[PDB]
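Q: Take a look at the letters that make up each chain.
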Amino acid sequence: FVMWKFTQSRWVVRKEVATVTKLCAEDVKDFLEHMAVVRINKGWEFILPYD
Amino acid sequence: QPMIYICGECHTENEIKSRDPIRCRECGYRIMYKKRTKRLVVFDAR
Amino acid sequence: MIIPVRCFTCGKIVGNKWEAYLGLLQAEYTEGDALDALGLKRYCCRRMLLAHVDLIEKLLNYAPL
Amino acid sequence: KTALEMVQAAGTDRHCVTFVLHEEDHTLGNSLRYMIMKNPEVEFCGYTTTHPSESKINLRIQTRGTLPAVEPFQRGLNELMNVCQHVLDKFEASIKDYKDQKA
Amino acid sequence: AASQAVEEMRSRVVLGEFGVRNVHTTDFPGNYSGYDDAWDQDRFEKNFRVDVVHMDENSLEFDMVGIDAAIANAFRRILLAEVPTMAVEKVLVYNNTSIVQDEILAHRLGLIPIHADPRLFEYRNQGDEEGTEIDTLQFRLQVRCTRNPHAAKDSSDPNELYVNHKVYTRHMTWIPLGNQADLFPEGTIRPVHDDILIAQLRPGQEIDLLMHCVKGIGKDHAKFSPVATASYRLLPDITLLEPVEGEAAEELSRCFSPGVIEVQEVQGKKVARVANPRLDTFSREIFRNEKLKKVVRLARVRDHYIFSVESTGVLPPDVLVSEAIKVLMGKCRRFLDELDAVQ
Ligand SMILES: [Zn+2]
Ligand SMILES: [Zn+2]
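Protein chains in written order, with PDB author numbering: chain M, 355 to 405; chain L, 13 to 58; chain J, 1 to 65; chain K, 24 to 126; chain C, 2 to 344.
Just so you know, nobody snuck in bad clues.
Just a sample of chain J residues kept apart from chain M, beta carbon distances all over 10 Å, derived:
{"id": "1", "residue": "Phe8"}
{"id": "2", "residue": "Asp36"}
{"id": "3", "residue": "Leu38"}
{"id": "4", "residue": "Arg42"}
{"id": "5", "residue": "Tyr43"}
{"id": "6", "residue": "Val53"}
{"id": "7", "residue": "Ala63"}
{"id": "8", "residue": "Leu65"}
Derived DMTMM-like pairs (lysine to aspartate or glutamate); straight-line CA-CA distance at most 20 Å:
{"id": "9", "chain 1": "C", "residue 1": "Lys91", "chain 2": "C", "residue 2": "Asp129"}
{"id": "10", "chain 1": "J", "residue 1": "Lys41", "chain 2": "J", "residue 2": "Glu31"}
{"id": "11", "chain 1": "C", "residue 1": "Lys91", "chain 2": "C", "residue 2": "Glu104"}
{"id": "12", "chain 1": "M", "residue 1": "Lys369", "chain 2": "J", "residue 2": "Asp33"}
{"id": "13", "chain 1": "K", "residue 1": "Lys119", "chain 2": "C", "residue 2": "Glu58"}
{"id": "14", "chain 1": "C", "residue 1": "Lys220", "chain 2": "K", "residue 2": "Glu46"}
{"id": "15", "chain 1": "K", "residue 1": "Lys119", "chain 2": "C", "residue 2": "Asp57"}
Bear in mind the hints are in silico, worked out from the structure with no lab data behind them. We treat Cβ as the ideally placed atom computed from N, Cα and C, and that holds for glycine.
Excised from the complex, chain M in its bound form:
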């Protein structure tokens, strides 16, 4: 689901993923840290640019 959200849009909200997937905060954080970085006022951005 996280990878699909990243394919649909470059910016992913952590709270939306936590609400949809019904998962705890730490699992969503580990899922995001593997492929995203925290950008202030924008959420989570994919670590690599569009190739």
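Please build the complex by placing chains L, J, K and C with the ligands on the supplied structure of chain M, with the hints as guidance.
A: Just chains L, J, K and C with the ligands now, kept in the frame of chain M:
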């Protein structure tokens, strides 16, 4: 008199009498705690 | 273990602002802006909420249940 | 049994008196010290704490002439009471007019 | 001259680079020659005034002019400790299976404020642990955590898996004694914040207890303190010895608080002036600039105290100040009655 205890992993109320090998049903754990008392205890918020 | 209800120095009610703070951590707010939005002007409540470690869930993971 | 008087020595001199006040702290001691220090007939006014464990204070009053040093005590108490009544009335009036002008 | 220095010493408190000067109250008869500092009730009632600048729920700010540091500190200490309120003292526990310790649980429950009006109750006599209708209140807290019968297959979050796993103070139910139900309407006796997290539970664990609350003062224990932060500060009055203009004036706006020093273009050039000295917190950052040290004079007004009182929500802070003044008056009256009984 029914003496009740709690297992360490199943956490089920087991009634065993005196001089019984400490065990628990549907498992094999051998750690048996005692339930909390029913007497009233007064505490101070200090 | 758990968030204290009263602040050690001043005594402002801080136990009720813990989980909401976690919500501000679940949101995009940082530490400073979240502590400001919670209404903690003096730095004592900021230290109380920031330096607190949530060890209650780690203990409940070892609870009998 | 709360406030007790003590003369300066066995001679029972009314010029130098010590009032021992029970279940008190620095608040009332300092307030009464300020309220009685302005009395022109007081040469020496001073409050102290015997020990932080027990709740008691010792005030000492030494007047200029032949004042019994008990009259300045009552004078300072009445002046502090009047000041408290005045500040209470002023604060109540201020809060009332603030509530009136806010709405 | 000498008169200006005497007036500055007797009216202002100057803050130097290394230390503060003129901090002691000196307006007393015999200390000054050309001043008659003898006590005068008329002059005190004339000069004194109270001006509230901000007043909301559980927060008050008011300036008192004409009072002294002694009476101000007395009011502050009475508000901090000598104002009686209601707080949890006795905890009767019935089968507490929580991970939180019983003593720690009782300590956390004691710190929870109660919205009950303390003036309507009395102090419990020595002993008498049973308590009476007049001088006690009872709060029942019974929370049994269990698994949610309807939840998702995974349910990683504890909210979906379990119910009542976080025992908030809203679960506390006031149990009336005698005729307290008729005297107090429903909803008055309750926890103040209603969102304080007492403990966290797991399925199987249960927290059952009764809380006996009695009247008490903050001096005995900090849990009876009604005010969270009750303090007072001297009103600052920043003065400029020489007119400062140019870009250095902007430095003033960056040296003091952003809201005290304002720059204006009277003739097309920026000149700084004091707009609102109240907002300044006296960070003493002007001493870093070498040139701007001898152009300003930081000072505090001796007979102007801004009181800020943030309470815990038990009662509005104006009533708190009124009750503090009443407690001081009661102490004065008790000592006067004792002195009269002596004589
Ligand atoms: Zn078992
Ligand atoms: Zn604090």
